[PDB]
Structures are given as C-alpha cells and as structure tokens.
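Coming up is one lone chain in structure tokens, specifically the form solved without the partner chain.
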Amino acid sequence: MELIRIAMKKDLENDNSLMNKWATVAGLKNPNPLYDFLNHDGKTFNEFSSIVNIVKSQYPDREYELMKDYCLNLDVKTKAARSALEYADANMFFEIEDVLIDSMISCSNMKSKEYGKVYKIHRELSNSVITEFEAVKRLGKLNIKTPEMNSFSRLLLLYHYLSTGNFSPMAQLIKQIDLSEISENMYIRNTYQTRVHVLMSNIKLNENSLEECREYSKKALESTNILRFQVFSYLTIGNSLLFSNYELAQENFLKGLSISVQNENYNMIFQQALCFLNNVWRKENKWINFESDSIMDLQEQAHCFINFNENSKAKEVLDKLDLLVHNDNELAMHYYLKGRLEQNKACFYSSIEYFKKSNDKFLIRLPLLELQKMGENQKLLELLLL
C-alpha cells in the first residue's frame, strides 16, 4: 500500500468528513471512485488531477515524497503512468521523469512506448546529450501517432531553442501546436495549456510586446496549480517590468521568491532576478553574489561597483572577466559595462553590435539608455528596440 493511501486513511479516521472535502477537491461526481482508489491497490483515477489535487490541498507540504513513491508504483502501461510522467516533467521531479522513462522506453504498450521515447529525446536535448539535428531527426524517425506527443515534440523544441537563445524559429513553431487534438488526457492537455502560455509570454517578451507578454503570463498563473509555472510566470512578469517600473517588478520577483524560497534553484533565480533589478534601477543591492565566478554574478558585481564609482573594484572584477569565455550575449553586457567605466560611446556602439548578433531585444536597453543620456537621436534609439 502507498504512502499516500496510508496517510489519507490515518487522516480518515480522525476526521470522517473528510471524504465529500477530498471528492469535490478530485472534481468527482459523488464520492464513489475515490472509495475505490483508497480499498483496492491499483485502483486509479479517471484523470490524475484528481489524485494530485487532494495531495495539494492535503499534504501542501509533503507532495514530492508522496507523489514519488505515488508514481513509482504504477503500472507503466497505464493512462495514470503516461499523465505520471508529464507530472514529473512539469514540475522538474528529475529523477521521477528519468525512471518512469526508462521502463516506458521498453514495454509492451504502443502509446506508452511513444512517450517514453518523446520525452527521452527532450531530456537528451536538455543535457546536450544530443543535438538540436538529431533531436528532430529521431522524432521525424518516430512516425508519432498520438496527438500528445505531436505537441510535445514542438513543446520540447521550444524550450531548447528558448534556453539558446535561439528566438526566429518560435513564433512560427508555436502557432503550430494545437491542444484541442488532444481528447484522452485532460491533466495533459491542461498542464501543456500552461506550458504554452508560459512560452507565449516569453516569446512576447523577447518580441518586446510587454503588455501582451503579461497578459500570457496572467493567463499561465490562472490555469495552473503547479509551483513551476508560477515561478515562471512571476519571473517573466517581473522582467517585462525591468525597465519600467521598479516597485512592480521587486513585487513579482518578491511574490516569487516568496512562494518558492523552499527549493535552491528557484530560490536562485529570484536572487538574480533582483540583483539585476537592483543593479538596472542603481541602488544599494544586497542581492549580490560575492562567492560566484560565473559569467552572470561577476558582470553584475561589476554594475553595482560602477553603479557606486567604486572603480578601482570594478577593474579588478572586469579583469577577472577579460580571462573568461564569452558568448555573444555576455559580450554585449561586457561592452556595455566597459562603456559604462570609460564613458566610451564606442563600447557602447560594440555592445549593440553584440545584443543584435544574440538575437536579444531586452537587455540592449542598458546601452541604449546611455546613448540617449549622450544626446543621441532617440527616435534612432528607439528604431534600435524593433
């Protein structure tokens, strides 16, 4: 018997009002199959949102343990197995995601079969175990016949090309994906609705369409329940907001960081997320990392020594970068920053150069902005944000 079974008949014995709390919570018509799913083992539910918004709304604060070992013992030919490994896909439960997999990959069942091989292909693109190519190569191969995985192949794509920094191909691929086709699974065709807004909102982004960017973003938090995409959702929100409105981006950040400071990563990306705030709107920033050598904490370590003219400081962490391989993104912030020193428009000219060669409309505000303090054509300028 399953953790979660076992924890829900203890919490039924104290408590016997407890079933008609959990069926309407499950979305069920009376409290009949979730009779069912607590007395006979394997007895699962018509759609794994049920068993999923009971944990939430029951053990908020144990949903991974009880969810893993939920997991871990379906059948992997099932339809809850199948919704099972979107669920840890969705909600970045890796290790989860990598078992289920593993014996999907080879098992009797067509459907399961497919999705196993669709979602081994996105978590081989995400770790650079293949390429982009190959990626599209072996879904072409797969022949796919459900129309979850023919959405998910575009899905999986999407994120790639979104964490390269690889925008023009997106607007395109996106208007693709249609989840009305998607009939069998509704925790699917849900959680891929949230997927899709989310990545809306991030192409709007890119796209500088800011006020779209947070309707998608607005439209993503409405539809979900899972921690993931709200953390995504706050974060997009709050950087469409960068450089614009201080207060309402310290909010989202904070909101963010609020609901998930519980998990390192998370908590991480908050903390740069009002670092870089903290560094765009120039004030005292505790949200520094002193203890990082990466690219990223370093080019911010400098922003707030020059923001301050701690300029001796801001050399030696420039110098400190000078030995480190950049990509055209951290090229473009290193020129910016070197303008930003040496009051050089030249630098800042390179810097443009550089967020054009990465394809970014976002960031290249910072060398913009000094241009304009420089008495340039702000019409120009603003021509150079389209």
Contents of the next structure:
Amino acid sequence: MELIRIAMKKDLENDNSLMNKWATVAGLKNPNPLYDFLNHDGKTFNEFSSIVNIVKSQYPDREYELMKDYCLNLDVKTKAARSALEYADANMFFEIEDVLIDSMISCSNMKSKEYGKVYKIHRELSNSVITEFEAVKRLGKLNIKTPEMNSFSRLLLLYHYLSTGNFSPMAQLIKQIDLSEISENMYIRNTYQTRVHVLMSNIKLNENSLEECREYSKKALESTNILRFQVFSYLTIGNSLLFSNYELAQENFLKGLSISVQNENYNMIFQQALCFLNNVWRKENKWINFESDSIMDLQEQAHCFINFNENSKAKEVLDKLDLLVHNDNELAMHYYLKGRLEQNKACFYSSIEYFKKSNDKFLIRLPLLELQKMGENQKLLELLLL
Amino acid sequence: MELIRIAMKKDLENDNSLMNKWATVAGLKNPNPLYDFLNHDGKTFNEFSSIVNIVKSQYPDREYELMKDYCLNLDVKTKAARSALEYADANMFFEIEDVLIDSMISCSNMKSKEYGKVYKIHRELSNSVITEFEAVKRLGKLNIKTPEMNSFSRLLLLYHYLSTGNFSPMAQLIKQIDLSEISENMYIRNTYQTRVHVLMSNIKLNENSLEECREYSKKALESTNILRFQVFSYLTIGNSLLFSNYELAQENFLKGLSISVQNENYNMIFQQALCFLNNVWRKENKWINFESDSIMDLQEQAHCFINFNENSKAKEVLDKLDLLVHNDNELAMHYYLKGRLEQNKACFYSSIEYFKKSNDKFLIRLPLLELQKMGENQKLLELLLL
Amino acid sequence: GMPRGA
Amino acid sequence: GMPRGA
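Form solved without the partner chain done; form solved in complex with the partner chain now:
Expanding to the full complex; the earlier chain stays at the top.
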C-alpha cells in the first residue's frame, strides 16, 4: 500500500466529508473513481491531475514524499506512469524522473519506451552529457509517433537555447508546437501548455516586448499549480521590470522567493535575480554570492565593485573572468563591465555586438545607457533596441 | 500522337547518329527505352529528365510548344504526370500547370490527387486568391503522406514570404526541409534541390551574408538547366553586389537578360534590376518604366528624379505613392525616398525601423549610408546592420 | 524597389 | 548576469 493511500484512509476515518471534497478537487463526476483508487492496488485515475490536485489540497507539505513513493510504485507501462514522467520533469524531481526513464527505456510498451527515450535525450542535453547536434540526431533516429513527444522534442531544444544564450531560433521554433494535436493525455497537454506560456514569456522578454512578456507569465500563473512554473513566471515578470520599476521588480522576486525559499535551487535563482536588480540600480547589495566561481556570480561581484568605485577589486574579478570561456550572452555582459570600469566606448560597441549575436534585445539596454550618458545620438541608440 | 514523337521520327530519318546521342543525353544504358518511347503510345521514361534533356538538346527553341503538347497528353495517374506538374510550375508554365492540377484533383490515383491539391494551394496563395492562414489550414486538413508534398508545402510558404517582404520566418522554415527523404522521383528531388538553393541564396542576401548568398546561387546554376532558376540566380548574385561592385552587378544582370530576353516576364525583371542598380549608383538611367503604376516602378522614377534634382517631379511621384497600400519593406523604401528628397534625418530613422520590421538587413544600407554622409556615428551605423 | 525572386 | 529560466 502506497503512503498516499494509507494517509487518505486514515484521514477519511476521521472526517467522512473528505470523500466528496476530494472528488470535487480531483475534478470528478462522482466519488466512484476515488473509492476505486483508495481500495484497489494499481487502480489509477483516468487523468493524473486528480491525484496531484488531491495531494496539493490535502498534504501540501508532503507532496514530494508522497508522490515519490506513489510514482515509483506505478506500472511504467501505464498512462499514469507516462503522466508521472512529465510530473517529475516539470517539478525537477530528478530522482523520480531518472528511475522512471530507466524502467521505461527497456519495457514492453511502445508509448512508454518512446517517452522514456525522448526525456532521456532532454536529461542528457540539459546536463551537457551530449551536444545539440548529437541530441537532434538521436531524436531523428527514434521515429517519433506520438504528438506528445513531437511537442516535447521541440520543447527540449527551446530549453537548451534559453540556457545557452542562443535566443535567435526560439521565436520560430515555438510556433511549430501544436498542443491541440494531443488528445489522449490532458495532464501532459495542460502542463505543456504551461511550459509554452513560460517559454513564450522569455521569448518576449528577449525581444523587448515587455507587456506581452508579462501577459504570458500571468497566463502561466493562472494555468498552473506547479511551483517550478510559478517560480519562473515571477522570475520573468520581475526581469521584465529590471529597467523600468525597481519596486515592482523587487516585489516579484520577493514574492517568488517567499513561496520557494525551501528549495535550494529556487532560493539561489531569486538571490541571483535580486542580486542583478540591485546592481542595475546601483544599490547596496545583500545578495552577492561570494563563494561561487560561476561567470554569472563573478560578474555580479565585479558589477557591485564598479558601482562603489572599488576599481582594483573589480579588476581582480574581471581578470579571473578573462580566463573563462563565455557564450555570446555572457561575453556581451563581460564587455559591458569592462566598459564601465575603463570608461571605454569600444567596450560598449563590443557589448552591443555580442548582445546582437545572442539576439538579446533586453540586456543590450545596459551598454546603450552608457553611450547615452556619453552623449551619443539618442535616436540611433533607440534604433539599436529593434 | 505527340508532336515530340513526330519531330524525333523525322529528325532520326535524316541522321541515324541521333539515336545514340539522344540516348547519352537522356542518361540511358542503351537505346531500348528510346525505341519504346518512339513507337508505343503512353510509354514513359523512368525519369522525366530523359524527355526534358532530349528536348533541351535537340529542340531548344521549341521547348514550350513541344512540352505543352507532351504534358497535356499524359495519363495524370502516372509518375510522368507528377513530374510534369513540377516541370510546369518550375518553368512558370501556368497554362500547362493549371490544366494538370484540375485533372489531378479529381482523379483515382492518391499520389496524383495529393500533388494536385498541394500545387493548387500554391497557385491560389501566390495569386492572392486565399490568405496564408487559409492556405496553412487547407494544407493541415490534407494530411499529407508523401515526402515530396511535405517538402513542397514548406516551399510554397517560402515563396509567399519572399514575395510579401516578410523575411523573418524564412531561415527556420527552410531548415525543416529534408530532400534526402524523397526516394521515388529523382526529377522532383533534383528540381526541389535547385529551388532550395535559390531560396537559400535569397535568405542569405536578406541576412547580409553576401559571399554565402553568391555561393548558393552558384550551386543553383551548377545544379540546373531550367531558365527560371538561372534567371533568379543571376538576379540574386547581381543583387548581392548592389552596394559594392557596379560593374559586376551589371555583368550579372546583363548575363541574365542575355539568356532570357525572349521571355517578357524575365525581360521586365532584369530591367527592374538594372533600373534599381543605376539609381543606387546615381547614373543616367535608361531602364525606368514610365508606363507602370506599381510601387516598385514608381519608386524607381522618384529615386531617379531625386538623384538629378528634379525635386518637384520627385514630389509628384511620391504623392501618387502616398495613395497606395505598402507592406513594411515597401514603406521602408518610401521613407528612404522621402528622406533623400527632404534631407531629413527623421525619414531615415523611420526607414530603418521598417526595414527592421521586414527583417531586411540588405536594403537597410540605403538610409544607413545617408546618415553616414551626414556625419552620424559610423560605429553605431555598423551596429544597426547586425 | 529592388526586384527579388526565386 | 541576469538569471533566466522557464
């Protein structure tokens, strides 16, 4: 007996009104599928959302504990297990996901085998275990049948491009995704819809359409009850306000941090967000991560040092950075920092050039502001935003 | 009894060495399929290129006359007729094409029916009889099976985007095309390869990668014996030289005109090319079309008037133009012309903005050059090219 | 304008 | 840099 089923039986004995409350929360016509789920081993709800919604409503603080035990006891050949794989990836529950994937690669059901193999490609690509080229080839070699994996094979590339600063291909690749062709699995279809909203929000941010960026994140929030997506919606909304509204950016980052601080990863993400915001506004910055050696955190140290005229401390950090390999987006930021330190027009030109390579129409605002302050033609600067 | 077969019989009677020469040109192992073709009604070559190549070698001046008669007598259910449809579209033989399409939409063979319906969508889209939206929907509804029509459904959109000045989606849409999945029909595969090369050349032009532009047109030339593709290769190569090399642009446009002057449409295209070139270089312009009321020709009249300080004649032409509906690319050109007439910075800013909407990184050079001549920061101007 | 074509 | 994510 799974832990979830033990807990529900116990709670039901103490309060009979739960049966109907759970049935409503689970989106059911009546309590029959719930009675079936509670009393028969291996009986699964038709839609995976039913179990998720009950766990979020009734055991919000035990969600991982209970869903880990539940997902790892499912028959991997079922629609519930396929749902579980997406549930695990969406919530970044890597221990659950990688066990499901491994079971599914070598099982007798062809749908579960294909899901397993596509998700394995995503896991490997995002851990830099394989390249984009190798991933695109491996995906080609699977002759993907499901509209679900057809969608996800595109989503996994989108995530890769987002995290490597390669924004050019994203706008057109996302248009190819057609979620209405997914008819069997509503949990997968609806979760993928949330993914698309959050990605769209990021694509609009990078295009400098900021009201649209915010609209998509608002749609993500309304569509979801998953922490991972809520985190990235608040991150993206706050990001969109980085140049125009310090207070409202801060309110979004703090909102995000407040619902997610208990997760190490999300806690870090919002520290980095608040760290960036406070540097952009040249405020005292309680968010700098001094232990870290990543380009992202070292850049923020150097930025803070420059804001407070500690130039030789800035120069030390920038020297460490000169010895690291940068993608285009990172190098664009690198040149901006060198430009600020040295007060040197050429560094801002280089910065602009690398934001253009990266197709970042948002952060390019940083060297453009410095050129404005040096009296460069304001109209040409605005045109460099397009 | 087809005209081609009558003509070949007659020529064979006057010169027996033709049998072996024709067999070589047709890419045949021996003359058996030629003997079969000459003597038996409805015998078709394995590859459509065999008949085309014989006609090009032996009757270069009668190609249309002979292939019209030949194509319009084919059984529309055959591979030869499917080949014929592509042959007709590739050469813009619309009378042949539309008759083939109509026969094939309502025939009993499923391959021919699908070809017919996809080509009909292309014909309608390019005649503005339907919108892109309607076309994309109708294509979706067909549930396309063949790798050929899968390719062509993407090609037809590429042509649409090219002719409406909507360059953004082209680069990613062309990557989706996989010609190596076409195995049955070599004529179609090879012709499509030519199409892809010429389109790629245009995409690179619009991205301002000009050596790459030229390489793709050179590959188109080497891959083909079709006038339509040769015309557009010389047009595109000449275009790529519009800012850098007057003599070499002119040599390509004249080369193009020299192989195509006998076709009214191609003749006009090269006049427009030479007309544009001579305006860009502010030379005396013998290529202006004074009869035409199209945006394209009126713009060139106004450009010439401006170059020669006939400002009030320029202003008249621009007034005619203010009353016509422009896409973004056309309006970008319109603002450049207003900028030149008025010597007004704001018009060049607007021009830049509309080239950016259109994703034209090539013609944007026009207002950028004017701003350079007015002493605007050269580095910012270069950055506006990326 | 400049003629384009493919 | 500015953290991004979806």
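Numbering follows the first chain given and starts at 1. Just so we're on the same page, rigid core means the largest C-alpha set that superposes within 1.5 Å between forms.
Sole residue of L227, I295, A90, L210 shifting 2 angstroms or more in CA between these two forms, core aligned: The displaced C-alpha is that of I295.
query: Does the C-alpha of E342 move 2 Å or more between these two forms once the rigid core is lined up?
result: It does, since the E342 C-alpha is displaced 2 Å or more between these two forms after the core fit.
- prompt: Under a superposition restricted to the rigid core, does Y159 display a Cα displacement of 2 angstroms or more between these two forms?
  reply: No, shifts by less than 2 Å.
- prompt: Does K68 count as moved between these two forms, where moved means a C-alpha shift of 2 angstroms or more after fitting the rigid core?
  reply: Shift of 2 Å or more: no.
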